[PDB]
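For reference, the chain that follows is the form solved without the named molecule, supplied as structure tokens.
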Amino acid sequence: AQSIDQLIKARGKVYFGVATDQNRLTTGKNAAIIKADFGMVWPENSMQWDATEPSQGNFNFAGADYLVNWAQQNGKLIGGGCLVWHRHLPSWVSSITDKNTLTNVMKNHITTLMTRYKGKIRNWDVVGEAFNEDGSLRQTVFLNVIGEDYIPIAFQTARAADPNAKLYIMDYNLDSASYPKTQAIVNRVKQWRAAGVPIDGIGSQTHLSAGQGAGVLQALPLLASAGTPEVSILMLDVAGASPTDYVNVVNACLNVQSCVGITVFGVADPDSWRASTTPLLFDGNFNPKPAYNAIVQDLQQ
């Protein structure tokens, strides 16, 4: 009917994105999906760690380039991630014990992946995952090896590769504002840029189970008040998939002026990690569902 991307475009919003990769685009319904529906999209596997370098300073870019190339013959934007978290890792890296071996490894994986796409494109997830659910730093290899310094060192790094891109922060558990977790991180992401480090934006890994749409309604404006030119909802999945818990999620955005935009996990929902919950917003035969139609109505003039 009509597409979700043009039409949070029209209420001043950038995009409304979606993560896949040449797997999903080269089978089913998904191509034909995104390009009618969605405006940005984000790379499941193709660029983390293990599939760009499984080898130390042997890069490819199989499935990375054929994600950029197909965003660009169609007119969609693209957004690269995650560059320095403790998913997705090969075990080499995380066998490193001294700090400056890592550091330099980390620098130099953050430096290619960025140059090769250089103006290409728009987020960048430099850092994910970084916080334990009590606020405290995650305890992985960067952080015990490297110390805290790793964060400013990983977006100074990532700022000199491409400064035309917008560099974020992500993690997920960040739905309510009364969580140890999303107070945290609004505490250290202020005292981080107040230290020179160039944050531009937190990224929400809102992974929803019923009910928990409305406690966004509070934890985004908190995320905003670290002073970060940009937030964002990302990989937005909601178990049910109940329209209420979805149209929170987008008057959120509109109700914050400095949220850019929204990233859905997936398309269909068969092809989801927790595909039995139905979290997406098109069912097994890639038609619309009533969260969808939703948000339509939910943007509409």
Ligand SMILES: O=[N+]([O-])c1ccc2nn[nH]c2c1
Second form
There are 2 protein chains.
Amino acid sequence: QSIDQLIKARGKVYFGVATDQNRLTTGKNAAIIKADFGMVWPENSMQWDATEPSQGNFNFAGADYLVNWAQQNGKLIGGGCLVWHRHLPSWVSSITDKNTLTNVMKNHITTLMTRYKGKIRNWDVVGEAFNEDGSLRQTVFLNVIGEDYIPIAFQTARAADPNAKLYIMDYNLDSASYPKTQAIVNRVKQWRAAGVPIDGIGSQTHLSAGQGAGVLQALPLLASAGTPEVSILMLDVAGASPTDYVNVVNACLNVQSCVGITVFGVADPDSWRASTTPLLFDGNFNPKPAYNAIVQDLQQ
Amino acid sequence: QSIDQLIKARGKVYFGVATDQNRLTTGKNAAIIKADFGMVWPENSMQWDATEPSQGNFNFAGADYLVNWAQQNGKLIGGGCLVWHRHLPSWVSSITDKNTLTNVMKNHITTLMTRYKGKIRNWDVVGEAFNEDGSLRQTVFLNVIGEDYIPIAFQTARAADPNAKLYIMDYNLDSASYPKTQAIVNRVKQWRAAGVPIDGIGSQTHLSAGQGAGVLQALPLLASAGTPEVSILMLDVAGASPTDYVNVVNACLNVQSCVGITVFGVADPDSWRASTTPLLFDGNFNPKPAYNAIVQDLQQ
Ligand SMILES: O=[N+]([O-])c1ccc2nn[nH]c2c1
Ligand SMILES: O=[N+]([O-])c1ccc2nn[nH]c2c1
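Moving on from the form solved without the named molecule, kindly provide the form solved in complex with the named molecule as a structure.
What follows is the entire complex, opening with the chain shown before.
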């Protein structure tokens, strides 16, 4: 059975997966995505280092391939990350002038979003903006533009494509008692109360064995910020226990504003942490017990 | 135990593999390439659709990543394919003017080769130019420019980087009695007699089970064209029988002008024909029997 179909039958929008051109032309990835998943995200092809490796020199071939494949196969598309220190080329982080950085950031956002205007359901606009203690991470954007870079990014994104749902994303939001989780919720509440157009919080969910249960409490806390949507993104679980995966799915089901879940690849050998076999299909492209456990949960 | 080291000890240049950025950041590919392979090729990142998606506007992010990684890790680099109908964007195949297409082709060759001048051992300049009956394939280049497109491509490439070995590549050159095999020999002999700088013939070797034995006769026939080098490229073998792989390796060893062998990926799940499990490492990144058989053959 298709986990995307089953999650839609439970009132959710999608079960998604990260992919890119050379996954779609190898292995069994295309067949599995066509049958079992409802939304695709670019694993790498929309990051800043992939799309604007030198100023104004945009590289869209990989992203274009993904968008076209998704449209021809009737899949939703997520995009990102527009503003993320981790995939930033050196030409950006060397800028020290506030006006120039504001305009470089705006141009990067606008160019990417305009190119795919109307085709992208979700954009991850700002990623990993928080330190573990809940303060704002001191990236080039914070240091040079100041704390208004987040309002600016979201206002710019809403203008570039008013159809898209605009998300902030972060990791280590998996426990309700962790300071980072409470910090992002209270900042998003205040931003939205001042009119910043943050439509969603996306939780980059990279779990160790046994950590799925904590998401059942963390995700309702993220939803308390009052955004229209929340999502689980980049999901993988070391060991791929059925218990951990089913707990994450049930957290999604329990939270009315949680629109769906995206797993960070199809098959274990193509994972960034392949030795932890953390995905739902094995190296032979066979569904693993965690896949079947999700199916059986969603049927009930 | 490294098949590249062992083939170098037998007097050859390399045992190589095709890869690209998102293979190097996932799985165990980087570790295996570091330990066991001596040359890397771009699986996709130097093809025309990837590098020049609109006229004169070049995308280098993916290819730059691979070249940098190879230099950091002491590996040789192959590049290609500069002129190949199978990865051609639509803007090229809609040109009908001979001068314009000639200039477009020359600019594509010169721009890529200049960017990496001195860093690339081998360039595959022209690919898949022959029909199965040995006539020239009627691609946009043949239809618009005529058969001079092949001489022009090679002369342009030699001027752009005189350090690089320049190859023509084709597939189905695996049997000495197949018409295509003798046809490429006939034409390469004629082009070299006219001063065209074709340094190598690269045989894109996609075998079915039991076809390795025929390479023992086909590869010496390809070498009879008199090029300084020949190579085995894009190698994969359905079923990955040790006998097939060893026969291909011994064909290389038997042909003085054969500089090396490149396999078309690391692990089975990442193959274009993964269901045929045709590579040297399995879906758990373990070396398969064919890998160990190559090790023993190179020591014997
Ligand atoms: O959910 N995702 O797998 C995913 C992948 C890449 C991304 N970049 N930004 N947001 C992303 C989400
Ligand atoms: O040998 N190769 O694997 C390989 C891969 C891609 C290519 N493009 N042109 N030549 C190529 C060789």
